[PDB]
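In structure tokens, the next block holds one chain alone, the form deposited without the named molecule.
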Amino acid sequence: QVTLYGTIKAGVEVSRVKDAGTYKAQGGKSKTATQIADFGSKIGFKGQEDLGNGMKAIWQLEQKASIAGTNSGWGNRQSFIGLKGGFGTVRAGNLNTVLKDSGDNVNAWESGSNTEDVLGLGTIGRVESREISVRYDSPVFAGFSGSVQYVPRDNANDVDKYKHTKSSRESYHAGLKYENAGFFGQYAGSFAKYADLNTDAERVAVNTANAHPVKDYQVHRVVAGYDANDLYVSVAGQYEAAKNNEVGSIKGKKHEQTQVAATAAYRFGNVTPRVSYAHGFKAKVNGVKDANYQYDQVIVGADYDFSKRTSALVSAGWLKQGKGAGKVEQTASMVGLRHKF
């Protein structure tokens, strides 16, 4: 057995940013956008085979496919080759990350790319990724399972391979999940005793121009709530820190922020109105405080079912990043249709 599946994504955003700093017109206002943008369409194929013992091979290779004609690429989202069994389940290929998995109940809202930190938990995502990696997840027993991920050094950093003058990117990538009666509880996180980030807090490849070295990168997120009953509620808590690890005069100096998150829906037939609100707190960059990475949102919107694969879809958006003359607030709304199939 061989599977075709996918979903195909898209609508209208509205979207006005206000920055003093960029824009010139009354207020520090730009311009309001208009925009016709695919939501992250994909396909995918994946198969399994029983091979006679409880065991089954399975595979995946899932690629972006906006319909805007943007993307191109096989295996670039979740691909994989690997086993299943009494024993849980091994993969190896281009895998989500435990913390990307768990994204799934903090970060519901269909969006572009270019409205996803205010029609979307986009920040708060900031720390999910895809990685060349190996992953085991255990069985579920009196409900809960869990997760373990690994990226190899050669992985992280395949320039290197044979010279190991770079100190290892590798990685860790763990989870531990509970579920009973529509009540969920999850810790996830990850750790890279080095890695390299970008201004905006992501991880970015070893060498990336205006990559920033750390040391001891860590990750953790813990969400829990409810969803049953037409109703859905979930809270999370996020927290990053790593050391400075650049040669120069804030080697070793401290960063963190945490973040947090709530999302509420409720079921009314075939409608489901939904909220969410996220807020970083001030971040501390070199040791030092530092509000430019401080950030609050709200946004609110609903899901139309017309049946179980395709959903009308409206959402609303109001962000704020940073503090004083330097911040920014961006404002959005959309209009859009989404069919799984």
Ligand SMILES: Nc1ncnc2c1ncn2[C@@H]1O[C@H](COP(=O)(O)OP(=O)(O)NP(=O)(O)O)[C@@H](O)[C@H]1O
Second form
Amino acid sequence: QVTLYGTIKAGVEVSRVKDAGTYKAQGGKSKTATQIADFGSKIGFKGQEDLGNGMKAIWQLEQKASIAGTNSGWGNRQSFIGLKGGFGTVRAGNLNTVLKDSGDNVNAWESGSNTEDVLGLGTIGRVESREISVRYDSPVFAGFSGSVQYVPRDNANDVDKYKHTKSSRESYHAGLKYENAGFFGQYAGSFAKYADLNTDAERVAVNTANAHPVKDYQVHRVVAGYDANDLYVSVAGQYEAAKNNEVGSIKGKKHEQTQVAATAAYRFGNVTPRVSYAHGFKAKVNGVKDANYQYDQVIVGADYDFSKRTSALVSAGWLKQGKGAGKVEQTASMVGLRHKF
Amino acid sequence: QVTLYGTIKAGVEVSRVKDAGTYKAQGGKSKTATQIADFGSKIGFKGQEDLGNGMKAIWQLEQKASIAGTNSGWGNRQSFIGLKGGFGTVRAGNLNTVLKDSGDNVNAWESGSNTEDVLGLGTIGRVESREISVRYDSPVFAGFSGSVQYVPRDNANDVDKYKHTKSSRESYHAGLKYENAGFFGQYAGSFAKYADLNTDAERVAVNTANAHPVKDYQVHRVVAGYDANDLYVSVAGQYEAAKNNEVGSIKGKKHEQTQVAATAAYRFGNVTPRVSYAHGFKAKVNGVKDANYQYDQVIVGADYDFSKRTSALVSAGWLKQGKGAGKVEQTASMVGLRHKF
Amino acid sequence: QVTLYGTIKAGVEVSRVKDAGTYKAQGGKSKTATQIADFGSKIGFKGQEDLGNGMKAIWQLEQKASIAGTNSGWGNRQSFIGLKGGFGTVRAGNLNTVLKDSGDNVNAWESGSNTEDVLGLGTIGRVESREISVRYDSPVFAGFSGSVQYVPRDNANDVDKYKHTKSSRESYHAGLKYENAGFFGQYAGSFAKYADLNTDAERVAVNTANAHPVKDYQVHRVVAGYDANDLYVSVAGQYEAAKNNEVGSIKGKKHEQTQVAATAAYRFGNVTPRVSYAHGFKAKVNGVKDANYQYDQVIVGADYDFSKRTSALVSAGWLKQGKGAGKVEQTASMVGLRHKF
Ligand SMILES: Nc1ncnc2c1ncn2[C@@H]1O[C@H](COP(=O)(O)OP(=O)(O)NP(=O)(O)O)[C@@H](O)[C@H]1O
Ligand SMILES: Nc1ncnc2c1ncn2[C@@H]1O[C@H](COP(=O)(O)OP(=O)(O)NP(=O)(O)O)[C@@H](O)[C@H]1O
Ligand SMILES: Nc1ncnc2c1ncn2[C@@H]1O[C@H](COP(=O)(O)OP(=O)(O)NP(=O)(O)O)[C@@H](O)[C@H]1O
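The structure above corresponds to the form deposited without the named molecule; please give the structure of the form deposited with the named molecule bound next.
Every component of the complex follows; first up is the chain already shown.
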């Protein structure tokens, strides 16, 4: 007994960008783009066998499958082999980062990738990812459960396996959760002595074009709220920081940014209207306040549940990035459809 | 309840090309190539759930799967999410073009890709394709059923989303069918104010190497015939046309070509012998009759049905393209096997 | 009735290479690499339908699926369509080479690809592969069974289909087996009048960078042993040879190498400890003894069977290649997990 599952979701999204810099049209406004777009359809195959005592062997293979036909490859979404039992769970493979899992309580919007940032809290989710790694998940001991994860230096860099000439990009991810009477609160974070970021502050493979090496990269997230009684309100606080490691005397200088997000919604019969606010404060790059990284976003919308596996979706979102003249404003809205199986 | 399906088909095909131009061997003849070749194996996953009233949510993910191992990717064959009910059907995703669907009644031959043109009416099928799009399919109202399809400018060109600096390649596909007492007749066509063609007259993505931009591109197909009583006879008429839009004073000049095809077959117990004839008339390119596009093809063959899902196949085909000295003649024959699941 | 199956296997492997030449660290020693690594997870879809008499139609689509997410594509592992019945079996598609099948009795170790050579008898398995081809498998006529396989010139080279200007790389693979009272002994080999090798002596596509064309390439394998009674002992002997066909007066000169391998193991309840020894003799390249191709390897390890589909794995291996100063020594060990479904 092996099981097949997935999700299928598509919809048409509408958007426009207000950017003085790369738009020469009147007043910096882009035209308005109207597109049909897959929202991240997926399809997996998980299974489990009982081992005799409390133990169960477990595995999963999940792939991006976009109904627009733009994906390819196996196990490119969470996939793994593991063992489960008294002690809790132990998994190894392409694994959701403890911070990516905590992303559920923080960004629940559906959208195409060209809009993950305006129609979803994509900016705060920029720290989430999947990593080849080992992960331990503790049982829920009465309100509490815990997760510890680790990524090998030689899995975080494969070419450098035999010559340790590049500093380790091995990282540690760990989380602590608490659920009770609708109440929940969790802490999740990650730390890597050495890592590399692109200019959007997302982590990238060592040696990617224009990656900026960093030291002591750490991320902290804290979410809390209440989910039950046709009711949900969630508040998240995130803190990112690292030192400059790139060649040339900027090295040692501090990078850091703080984001906060809040979302609440209620189910009124089959409709669940929702709303989210998110803010990214000014950032300190190489020790200097850089207002290019500051932003504001609010998203509103609802889902009409045709059934427990099928929903109709709608949302509009607004985003403001940076300040003054380098200002970038994005506005989008969509209507789609999701079917879980 | 989600269902798995597909088809598997392979066979060995034999071929030779008579082309004075790119063959220096005696008299323009190529050697004779003998190959094992996948005929387009595929594998999908479709599903549906009832929604409460006459409505049903529907989806599919179908992928090219060639047993020779040369394919990769998900949803690269018709895949989609849709809703079905009283009003008929509504789908969105990688969708068979209304003209690709009408291809069933017009080219039913199985073959490898290196022979889609001699062992199949591939030339008349050059107007068929799949497009990210929305599609409506009307219920059969007593003999009649109808289909309307549309491809967004921003799905027909994604890079140009925000700068509308390139003319829309958005297109409309629509069909009308009629079935009764074995009798059927359908019209199917498509129209795009702006499109782009390669030299084989097939549509290509804006900006492909050597694509020729065109204006008012329209295709018309008409098929009619009789399928029942161990009996099938089909006749198709197709008309393609467009204006020249490419840079440089050839612009505005007319392109056009007409093709006709005919196929008939009968089931004598488990064998179904079949035969097809197809003709492409001289073409008018930039206002001038170009006999390079004219051709003649006849295909004969049969299928021995081992069971309702398994068949053995055989066919020979002959094709003549262009005239005089630029003449290209292709001849092939194959024997294969197909298994539907 | 179509069936889904596969295997999932991952584990962490540890390794170090002692190579004076490409390591400048003290004494030629590399650092020690510690990696999580997929061992070749896979997932297939096979099926069969009865045809009425003793005959059954059969098919399979099997894909590399690595839980680390590094694979993509369909049918890239054995996949095919075939017919089975009184006469035995007939298959066509991506097919395991008769010599790749005989690989079961000769290399049974699990490992990641970066260690297929030290943690597995990978070196002797260098002659195994999959080829688009047709294959016949005779029924077992009381102890004996047989296999004959063939790869078309036009499937072994596709570009050269119409101009036969390159000599045929078409090859023949054939095997003969015998099983009885735990006893078994098989012969398996292949022969190609023209082929091409890389410097590791593995076969490569015509025209690959740095491939060395060869004439009369033939491989001979012979394995024998006893598997039953919680008992296994296997001995293999292999002989490879070819003539030089590359441009420039080295042509016509003899290449040849001999390898032998031996492995035995016993099941003591759920544990099955195992051990293997393998040796590659000096090689004759262009008529000259080349000790660069000579090697020695011993692998020890066991599998603890959690159940008939789940095992825990462990192994260490040691390998010595070439002689004197060009000497390359590899040592690795791993612990992993496998789950068949
Ligand atoms: N690599 C990525 N880059 C950008 N966005 C992503 C990436 N991976 C996932 N996402 C988005 O973030 C979401 C993460 O998954 P989620 O929303 O929890 O649904 P899911 O993956 O089907 N369920 P789960 O298994 O719990 O993750 C996806 O729906 C994507 O829209
Ligand atoms: N992109 C393409 N280019 C060239 N030939 C194609 C392409 N797509 C499909 N074909 C061929 O045309 C046929 C179209 O599908 P068809 O013959 O109807 O079988 P099917 O796809 O299994 N069923 P359906 O879902 O009704 O299309 C395929 O069998 C292919 O041989
Ligand atoms: N192309 C390849 N290159 C290198 N190693 C390979 C290749 N293909 C397979 N292998 C390895 O050799 C083994 C061949 O398959 P095998 O060990 O018999 O397991 P299997 O493929 O699941 N079963 P079978 O269908 O009998 O081959 C795989 O487990 C791989 O580890």
